[PDB]
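Take a look at this one chain, the form deposited without its partner chain, written out in structure tokens.
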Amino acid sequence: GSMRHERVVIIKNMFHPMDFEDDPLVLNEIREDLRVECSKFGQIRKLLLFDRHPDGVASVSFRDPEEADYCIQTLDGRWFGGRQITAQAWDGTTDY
């Protein structure tokens, strides 16, 4: 087994907060789309979007550390909604 953070992926550049200015529903569109996409890598335990964060941060927690690893390897550098995203392992201590 593993400490919790080994199951957690930090995804950046999913959005910019300006995206939700005119239409709050856009935030939920990106949440849903990220749920659908991250379901490819493993069983999602938690998914959060830090909707005010300039860097477009989301956290995704999986059931198993191997799922997080597969997500990081596959999503990093992909394009979503015109944005080139990154995916990194969480460190267990950085808050967004």
Given for the second form:
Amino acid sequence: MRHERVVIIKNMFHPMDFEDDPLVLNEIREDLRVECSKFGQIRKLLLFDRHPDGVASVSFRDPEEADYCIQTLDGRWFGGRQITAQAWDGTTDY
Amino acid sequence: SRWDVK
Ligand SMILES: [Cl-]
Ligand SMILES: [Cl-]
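Can I get the form solved in complex with its partner chain as well, since the one above is the form deposited without its partner chain?
Now the complete complex, all chains and molecules, led by this one.
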């Protein structure tokens, strides 16, 4: 019944990364937006910058866009971290 | 960018 458009990306960072460089957070935000814009129209992009698992959520216009994003990003490397990407479970908050 | 840095 739910056609999932929201992708949850994990291990993109650790919140300590933002302790001693105030610019890293927005650099990461835009890195993600630039990459994800190739997968579909982005409706909302959020970084949970105090979440210990390094979490981001990207919501797309179409569920096929979320699928393409998940296919391309899961297991990819970002700043020395191997990230995961999965469809939102519809219930967990970050 | 940080994309793909291992
Ligand atoms: Cl946004
Ligand atoms: Cl539209």
